[PDB]
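Given as structure tokens, the chain that follows is alone and in the form deposited without the named molecule.
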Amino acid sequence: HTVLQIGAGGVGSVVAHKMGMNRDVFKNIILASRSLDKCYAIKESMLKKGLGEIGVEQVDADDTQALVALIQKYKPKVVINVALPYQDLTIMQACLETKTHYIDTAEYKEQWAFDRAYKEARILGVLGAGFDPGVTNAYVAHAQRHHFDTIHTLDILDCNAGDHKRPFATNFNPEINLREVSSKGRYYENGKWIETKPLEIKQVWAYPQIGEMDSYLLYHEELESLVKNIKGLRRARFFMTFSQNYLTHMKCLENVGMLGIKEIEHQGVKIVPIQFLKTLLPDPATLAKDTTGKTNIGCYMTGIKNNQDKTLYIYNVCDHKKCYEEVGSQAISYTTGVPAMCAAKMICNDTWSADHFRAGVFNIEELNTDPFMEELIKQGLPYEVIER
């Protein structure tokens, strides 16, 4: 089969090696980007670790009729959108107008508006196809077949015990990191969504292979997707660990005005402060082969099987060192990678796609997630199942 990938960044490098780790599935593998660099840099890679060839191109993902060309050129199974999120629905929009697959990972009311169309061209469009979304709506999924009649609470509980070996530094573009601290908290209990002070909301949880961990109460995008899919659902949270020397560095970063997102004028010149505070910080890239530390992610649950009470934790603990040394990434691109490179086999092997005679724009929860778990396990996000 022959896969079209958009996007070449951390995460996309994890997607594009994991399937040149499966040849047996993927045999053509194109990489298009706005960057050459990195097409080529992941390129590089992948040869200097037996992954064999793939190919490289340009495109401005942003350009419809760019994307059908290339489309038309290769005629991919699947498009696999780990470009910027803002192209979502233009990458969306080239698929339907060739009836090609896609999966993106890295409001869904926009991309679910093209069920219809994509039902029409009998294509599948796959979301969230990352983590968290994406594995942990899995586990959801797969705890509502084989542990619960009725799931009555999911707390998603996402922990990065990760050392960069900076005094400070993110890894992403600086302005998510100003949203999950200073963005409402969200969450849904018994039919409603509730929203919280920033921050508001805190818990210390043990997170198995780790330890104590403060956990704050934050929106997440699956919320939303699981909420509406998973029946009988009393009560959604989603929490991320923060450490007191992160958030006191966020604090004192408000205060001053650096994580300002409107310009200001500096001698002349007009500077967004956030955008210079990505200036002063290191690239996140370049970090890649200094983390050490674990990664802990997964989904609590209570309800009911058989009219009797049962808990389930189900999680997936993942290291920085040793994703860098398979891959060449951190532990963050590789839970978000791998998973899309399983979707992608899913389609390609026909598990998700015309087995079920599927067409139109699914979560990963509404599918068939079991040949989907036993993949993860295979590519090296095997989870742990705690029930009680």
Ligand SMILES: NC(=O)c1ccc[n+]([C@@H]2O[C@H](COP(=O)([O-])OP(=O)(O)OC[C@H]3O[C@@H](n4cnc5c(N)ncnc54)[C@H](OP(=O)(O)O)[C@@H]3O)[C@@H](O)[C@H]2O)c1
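Numbering follows the first chain given and starts at 1. Think of the rigid core as the biggest set of C-alphas that the two forms share within 1.5 Å after superposition. First, how it differs from the form deposited with the named molecule bound.
After superposition on the rigid core, the single residue among 235, 305, 179, 119 whose C-alpha moves by 2 Å or more between the two forms is 179. After superposing the rigid core, the Cα of residue 89 is displaced by less than 2 Å between the two forms. With the core held fixed, the Cα of residue 280 is displaced between the two forms by 2 Å or more. Comparing the forms between the two forms on their rigid core, the Cα displacement of residue 221 stays under 2 Å.
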Contents of the next structure:
Number of protein chains: 2
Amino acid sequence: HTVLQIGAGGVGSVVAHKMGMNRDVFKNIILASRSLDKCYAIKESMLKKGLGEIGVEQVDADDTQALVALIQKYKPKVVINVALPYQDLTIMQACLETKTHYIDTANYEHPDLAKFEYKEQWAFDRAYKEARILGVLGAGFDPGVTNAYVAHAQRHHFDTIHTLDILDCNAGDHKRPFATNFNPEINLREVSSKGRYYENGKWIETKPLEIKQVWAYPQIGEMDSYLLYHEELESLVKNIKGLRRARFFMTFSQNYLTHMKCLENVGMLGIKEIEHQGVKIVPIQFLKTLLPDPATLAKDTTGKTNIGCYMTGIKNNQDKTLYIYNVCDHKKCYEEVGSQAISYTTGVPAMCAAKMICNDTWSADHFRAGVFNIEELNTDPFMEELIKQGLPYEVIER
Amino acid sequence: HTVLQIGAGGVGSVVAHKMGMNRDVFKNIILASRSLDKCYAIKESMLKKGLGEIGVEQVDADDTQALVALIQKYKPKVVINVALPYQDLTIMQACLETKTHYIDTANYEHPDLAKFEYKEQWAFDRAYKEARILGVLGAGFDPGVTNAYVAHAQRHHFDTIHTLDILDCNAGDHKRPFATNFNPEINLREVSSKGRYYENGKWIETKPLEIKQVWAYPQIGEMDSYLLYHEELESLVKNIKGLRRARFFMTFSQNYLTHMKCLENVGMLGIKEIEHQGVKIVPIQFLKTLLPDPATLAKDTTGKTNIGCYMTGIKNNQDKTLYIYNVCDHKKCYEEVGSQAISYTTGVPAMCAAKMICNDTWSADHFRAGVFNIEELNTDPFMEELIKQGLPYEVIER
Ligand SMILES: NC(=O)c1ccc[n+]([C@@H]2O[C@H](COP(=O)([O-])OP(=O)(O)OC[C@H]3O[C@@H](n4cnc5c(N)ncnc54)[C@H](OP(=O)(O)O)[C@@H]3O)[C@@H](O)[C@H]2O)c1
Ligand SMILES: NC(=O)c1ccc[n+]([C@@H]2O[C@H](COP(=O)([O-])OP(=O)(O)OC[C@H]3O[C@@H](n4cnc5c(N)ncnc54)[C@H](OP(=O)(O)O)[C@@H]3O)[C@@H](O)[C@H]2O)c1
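Return the form deposited with the named molecule bound of this protein as a structure block, the form deposited without the named molecule having already been given.
Time for the whole complex; same chain goes first.
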């Protein structure tokens, strides 16, 4: 099978690498990005790791014509969007125009606004069912695997899921004074926004990082976990019936939160451009220029991550709570694919969803066709693939 | 008398304003800067304040020819350099070429290095004694008035000054999350440098803000005061004989020191340029673009400043300690000249040194001619002018 991937990110290095480790399903992996230096480093690395060999071909994913051009040049079974969420619509359109299969790991987001919303991508459901294709939205860890965990609970453990708390802890040490999980422009747009959660029909808003619980993360410890809006809550509230409260929490250190409140104070997190010696510059972009980009840090990053879902509900007129979670070692990820645990936990699920599609395990024939979030699909084989590809989960009743 | 001033800074607004308030000595004040918007706001303000009327004429002080051109266009008695320390040599040269009188408020500093040193300006002593002119170096508050305080002590209170501690506290509240005394590019270059002090012949270095005493500032309170190198120590160690220890301390809040350590961590205090989307940008300059420039903040700044000199010594084989200091109110400064207390405490002394020169009170005939620091001149009339222009001092023995 043949598949084209857009993005040579920290995440991008993982998805490609993971495809090369499953050469039995991925014979033709073509890798496409704005800057080719990244793509050759991935290419050259995989060959050093023993993982076969990939096509590098530059393209500016913002221009739909050049994608259409690249898609039909290799006519692939699926295209993986692991570039920035801006390119979601431009790549998703070039998939429709070439009747090809699309998966991303992130919502749509416009550079001139810090809004998260599926409805721009969801609009393609008529157009996609029609062109008899599939677009699987948000197939990272969160969103994606967390949806799968909730999906998986809904089938196997719960009659009705009353509450959902997604909990994301990154207890890694990148050994630098201040650095980010992934691309700083998108990460820091996300976390500094007014957090948001669903309870009893209406959505509630909070000032950024207003709410905070302490949570005990298996294999780590007790950590301050702050409340955030996250993409998956949009799809999951719509798709999981019964839901009374749905929240997302993330751990941040004091040191991280301080740097972030300082940079915010001087204007370094600004999305609107500002003139400096003639030139018009966006601060938060310049922050990304200045900061080490994260791939660099996997070499010396140590720690583990824990991400998962804490659900309360009812099964056979009796109460039960479930915790599904995945722990992941930064050093172990480095030594497998040269990346750290955030690149890792995101790329592997996307490579899995690719495998689902190529295997027709997830199919537009033998289901409705069109645009779907992960919790809508058959998750059973997806979860089994996650185990096989390095994201084993725990499952815990109380 | 006629005098030309280069700089429409926060400081610049004070020096011009203060000259207009002494119209009996300043009949022709011409004001020269890179951007004319500042100069008209000063012009238009003085007229609103009742202070007469000034000439605005743009010039790029980096190009010595255009200065020579501006100097001879109005042939003035003195030129006041209140632009950035980079223009020190270019303006100081155009003074020699036109045989005119020069005063600045800051050392020489090259944009590609964070070094403070008088020797680049001191080199002009032969050339200046020859052209029978005068260059008074560092005639702000610190440096400048503090030199005068030490000078004044040396004559009137001490036989030999064993120790000198200069103490600078700014207890103002500019009502913003983070902002700077003066131009952020120069301020933040200064404070984040390895501090330095003189004791027993050799100079000692310390990591930035390594050393810290608590000091009780009259009319304020007890404040954490951190040790810094400051320009005046260079000239004063050379010029005041007897000196066993000479230090400079400045107060910084935790909040300020945190912002500064964060910005330092991400690279926002960098003097070397760095490529971003083609363009090559200096971070710390961009920081200055981003931050409110300080003049803006005088409108709502409240608090007081205390700056002065704590000296121990011997007079008539008996020990004595002297504290000379000046307290200054941010709101009171706003309402007088529209500026805050740092702009104020710096501009007034420069306007005074101008008055000394125009009055021939400080003269190249009836003294050596050439290049001098403030402690080298007759300070008695200078101090009296400071009192008259709003910088009264206290003098305290123990
Ligand atoms: N759901 C999850 O679990 C999760 C967690 C983290 C991140 N994510 C998502 O994953 C992506 C981040 O991956 P990353 O963090 O690795 O980003 P990255 O490190 O910045 O690398 C991104 C890649 O995309 C390329 N790119 C961006 N826009 C492009 C365009 N218009 N045309 C061509 N190439 C383009 C960049 O080119 P340069 O080489 O010139 O930069 C780079 O190679 C984002 O979409 C983020 O929202 C999801
Ligand atoms: N010793 C003390 O007591 C003390 C305390 C504070 C500051 N200082 C010194 O005083 C000066 C700071 O005044 P500030 O803080 O008011 O600076 P500012 O607010 O940045 O304004 C500086 C002025 O200088 C102009 N300028 C700079 N380089 C120029 C050039 N090459 N040609 C023409 N105009 C030029 C700027 O033009 P734009 O309008 O385009 O910026 C601006 O009008 C610095 O020299 C600083 O070291 C001394």
